[PDB]
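Participant: So you can see what is in the structure, the chains are spelled out below.
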Amino acid sequence: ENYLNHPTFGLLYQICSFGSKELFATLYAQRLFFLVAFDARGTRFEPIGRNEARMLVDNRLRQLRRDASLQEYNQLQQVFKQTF
Amino acid sequence: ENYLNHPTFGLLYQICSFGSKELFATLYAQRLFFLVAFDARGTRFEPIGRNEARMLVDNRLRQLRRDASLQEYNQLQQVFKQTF
Amino acid sequence: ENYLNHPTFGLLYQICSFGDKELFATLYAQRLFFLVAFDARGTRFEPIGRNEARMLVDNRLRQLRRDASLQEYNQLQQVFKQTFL
Amino acid sequence: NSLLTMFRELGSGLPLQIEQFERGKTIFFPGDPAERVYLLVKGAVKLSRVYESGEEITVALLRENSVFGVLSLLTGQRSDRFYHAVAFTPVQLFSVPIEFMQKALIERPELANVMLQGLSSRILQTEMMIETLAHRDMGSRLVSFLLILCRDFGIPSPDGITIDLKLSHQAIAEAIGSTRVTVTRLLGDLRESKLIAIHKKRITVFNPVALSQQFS
Amino acid sequence: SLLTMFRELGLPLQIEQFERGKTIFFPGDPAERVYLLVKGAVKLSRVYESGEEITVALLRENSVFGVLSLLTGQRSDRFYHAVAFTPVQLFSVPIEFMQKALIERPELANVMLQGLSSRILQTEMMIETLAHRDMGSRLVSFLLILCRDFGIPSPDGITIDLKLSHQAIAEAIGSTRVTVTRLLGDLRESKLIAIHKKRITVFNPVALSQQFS
Amino acid sequence: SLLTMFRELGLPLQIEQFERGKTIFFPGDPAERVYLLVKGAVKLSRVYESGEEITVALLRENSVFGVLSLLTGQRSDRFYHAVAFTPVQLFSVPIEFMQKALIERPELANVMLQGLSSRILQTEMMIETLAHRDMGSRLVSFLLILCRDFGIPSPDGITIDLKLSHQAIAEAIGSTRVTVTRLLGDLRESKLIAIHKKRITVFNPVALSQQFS
Amino acid sequence: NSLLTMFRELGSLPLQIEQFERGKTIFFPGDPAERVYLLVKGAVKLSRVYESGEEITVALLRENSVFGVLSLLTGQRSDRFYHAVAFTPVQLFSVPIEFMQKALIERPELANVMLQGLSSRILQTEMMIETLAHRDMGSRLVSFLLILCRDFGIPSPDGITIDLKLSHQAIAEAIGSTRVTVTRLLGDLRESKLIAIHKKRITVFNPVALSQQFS
DNA sequence: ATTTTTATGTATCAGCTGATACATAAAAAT
DNA sequence: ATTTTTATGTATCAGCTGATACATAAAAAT
DNA sequence: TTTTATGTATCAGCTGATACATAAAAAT
DNA sequence: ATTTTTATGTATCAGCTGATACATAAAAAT
Ligand SMILES: O=C(O)CCC(=O)C(=O)O
Ligand SMILES: O=C(O)CCC(=O)C(=O)O
Ligand SMILES: O=C(O)CCC(=O)C(=O)O
Ligand SMILES: O=C(O)CCC(=O)C(=O)O
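Chains as they are written, first to last, in full-length UniProt numbering: chain Y, 4 to 22, 24 to 88; chain W, 4 to 22, 24 to 88; chain V, 4 to 23, 25 to 89; chain H, 6 to 18, 20 to 222; chain X, 7 to 16, 20 to 222; chain L, 7 to 16, 20 to 222; chain S, 6 to 17, 20 to 222.
Possibly wrong hints are sitting among the right ones.
As the list claims (entries may be wrong) - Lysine-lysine pairs mimicking DSSO-like chemistry, simulated, CA-CA at most 27 Å apart:
{"hint": "1", "chain 1": "Y", "residue 1": "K25", "chain 2": "Y", "residue 2": "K85"}
{"hint": "2", "chain 1": "H", "residue 1": "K200", "chain 2": "S", "residue 2": "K200"}
{"hint": "3", "chain 1": "X", "residue 1": "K200", "chain 2": "H", "residue 2": "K109"}
{"hint": "4", "chain 1": "H", "residue 1": "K172", "chain 2": "H", "residue 2": "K48"}
{"hint": "5", "chain 1": "W", "residue 1": "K85", "chain 2": "H", "residue 2": "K200"}
{"hint": "6", "chain 1": "W", "residue 1": "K85", "chain 2": "Y", "residue 2": "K85"}
If you are wondering where the hints come from, they were derived from the structure by calculation, not from laboratory data.
Generate coordinates for the entire structure from the input sequences, incorporating the hints supplied.
Facilitator: Right, here's the structure in full:
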């Protein structure tokens, strides 16, 4: 539920973190998705499509069950069911 | 959206057809899934878990595109979205 | 008001002593009763129902009346009253 | 499946006869020696506690192929019942003794399997009810319970699922820990939300799944 | 006998150790095991995707759980969260070795069905508690079960021998932690309970039960 | 110019033939192409999970669509349902061939921004139509657009040269097929339109437009 | 990104950023359409006015958006028909069509960056079509609110405050309704605890949640 | 040892929901 | 067939209880 | 057949139209 | 500072319009 203003596409919201690139998406029905790089250079962006972004959050869900906690599994679960 | 009364677990509802074996699921949160075949006797329910049931409806989606209509996929897409 | 931990049923509490053979009972709504044989490794939880259990406490009440202390007669009255009245 | 078949062969000689019970008839009372195990074949069985205040609390409302009278398994005839097994509806069932069962279990290892299957189902169904009553929102709690009803006694209907059994507002209230008035209150609010309909004292849900999706 | 019979289903079978808060099984694990709690307490809970926890039962010593494995075998996947609420010792025998062990010992089959029966009743007992209307009545009913399963004899009453968070309690009684405290505070003013070392202590358990005639 | 310029991006570029009712792109496809309608009509629609279709716009000849590809490239996935409402001819140039083609021809970039401009206004024109409240006024506004884009001159008025279903109309003006039927029948009693071979014909368009004072 | 950079170099040197104060009109119906604009900071309200005195909001544009798009079709020959008003304090560029004719053949780099800008417009306008194509005025309002949150929303303590002051009528003009109905529906969102108006600005809560409802 | 994270006490609202009472419909009694 | 007991719909009002927010104590953390 | 599209009828409940009191903003 | 013009809250009811269901015509299937 973290927000970020894209120059062209306006407001975005965070889907998940990775390691630390976080996944972000458009607010009206999430048609586009963005990989962000908070470098000293600043805010580096990298657009991705539904097909790739679906399986990518899917991978993170599998990663949290295997070697990770639950609170974060449960909340990302709601995020995934919200988007896809 | 077809219904069937399991002796032990009560009411069930159909997920998808295959060919004609159908997938069925439990009503309170689809906690489990059943492979049914209309033998003259039926009497042939085969239980399966979430992980197997997931990839099985998933294969049917692809199959539809590879070789089937849109809505049969349009409709089963609804179903997968609701259960998964 | 003596307690004993049954493996399966959990906490029990003593109803009446007896000559060995302390009647015990379940803690929630006292829905069962047990004959405990406190022998060296002679421990036994012989289960009994309300019908037999009722008349058995009742018998000890009469027994203390004829030839038995008031204090203990007074106390067993309490237990009977709580379990059965 | 097998439960109905296996209980058939534990007979008075012979098979064992199917016992008939009319609507409202009690099967066992508090104070009866628990010496028998039952299996409901068709209809519904209501298990309840009765208080001195005259208050009834529904523990579970059992469906077909369910094993009950499970007290007899622990000590045998020695213990006395405490719940009120009444025949929620017209009911058929079997009624084998515990001493007949002791022999029947060493006789058939196949029945041993089929029995623990039935007992497992009971644990879950009773635990499922725990989920329902553990709600805070009485609205949420009632729908959860209604979902169960459908699951167990729901028949397919034109526009949804009609619970194929009649229900008393009080009977519902006794099951979900409420008063008759609220039950009526909440049901009317679901009628305005048009998720349910009562046709001929029979309740009927629509898009059941859709109701279940609200309990993510 | 449960503790004794489970010992011999292996060679012997090793007692698994688990520390406080450790999870035993998660939703998604294949149900292939049958469990027996030996020392301490086990919390079974349901997790919603909203992040909400609901306590199904808080199990006591010599209790059988992991019961789904008996229905299809390894085929089904769990859906509750089995967590060690306290420091815990348990046994954990597989379903396929149990198929052997039950036909091996008809003595343990009796001892097992004893265990399963107790579960049904204890779970049904909880139904009574939550079928209450008065949250005050509902809380005490639950407290009585706690005192029955975990309570130890005390100087002035019965101290429930385990530390419980209002939330844990609340999740179990399906209410707000505040309400839990709120009500507790009101029983403290009525002086029916005392909280010593974060443990609930009832004054005269019989007296509280008499309010449920 | 648009027809002429798109001929030269690829070796020429072939006119792709698409039959009646055939889909052009589905939601889920990578947006890697820009399209140009040459002959016929194209329906762009949004589909919900409820199974509901909403017509975004019904595009005409020399229109540019598939415009998602110009923002991130093949990176983004489609979301609308591009279906040929009638028999259609079109061009279909890729994004990576277009990045080439824009720096190549500044005459084409002129030609393209022309087509894009037209789209904005035509889509904004539709906003005007839907922003009405009177469904009567809203329908006529929509009818006028159809006559503008697909109407052919006729003996007594203008026949909308394409077959249209009442649901297709209802999906475009935010209504049920029922209300479309009701209001059309009221215009037939007012004798402002005629339905000839399932084709809607306008009587004195200007008079209909003058009702938008 | 490049749009702000590219417009800088069509030079009256570069071209000066025009300042416009709040509520000031940029163009009216009847003006010769000889220019294209680029909004830099703030919000631009495009509206149609009827003879009845009624205003209908067509689109409410955001930063890095290209408008005044009529000028590219015939040139100076056509007269405008919408009412472009500065909805907030605004910065913008304003280059002519004849200077653009030169600018396009000069730079095919700008041609690319321009069609990118016009693409965005198509979608944003089409996005609005989705919103107004709803039936339920409740659903229609939230859909519209989501767009405002997407374009003008700023991060807030408990939710998303749409960083612009909006009148109930201005909302009603955009969603085809009366001020009354907007007020009533907003009040029902306050009771549902989904929004809050703090310093005359609408604030949604985890709008995400609101968007699911629009599967 | 410090800090800081987690658990608890207090204070105040608004709105379910239980209590109370009545007329009428449906079911069981007769 | 007559009566009558039980079930239902509707209307009201008083108070517990969930939601929200804050200060402070207790426990984990490091 | 068989699917899909269309005309017709009848409803419940939003929502537009009308009118007024009061607060806020712009004008002065 | 006084005005006044414009925006907002509140309360009603009339009628178009969405939802549901059915008969019949047209068009696609077949
Ligand atoms: O076990 C008993 O005798 C009473 C309750 C019951 O039959 C059961 O729930 O199985
Ligand atoms: O058995 C299961 O898998 C779930 C229920 C449970 O944990 C149990 O009672 O054993
Ligand atoms: O560009 C897309 O992929 C979908 C939208 C579209 O085709 C268009 O509006 O031109
Ligand atoms: O271009 C026009 O004349 C009206 C629409 C508009 O201004 C725009 O979208 O840029």
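Participant: Taking the hints in turn, state whether each one holds.
Facilitator: Consistency of the hints with the structure:
1. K25(Y) / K85(Y): Given pair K25(Y), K85(Y) holds - Cα atoms ~21 Å apart, limit 27 Å.
2. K200(H) / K200(S): holds (23 Å)
3. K200(X) / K109(H): Violated, at roughly 54 Å.
4. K172(H) / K48(H): holds (15 Å)
5. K85(W) / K200(H): Measuring from Cα to Cα gives roughly 24 Å; hence the hint holds.
6. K85(W) / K85(Y): holds (8 Å)
In summary, the one numbered hint that this structure violates is 3.
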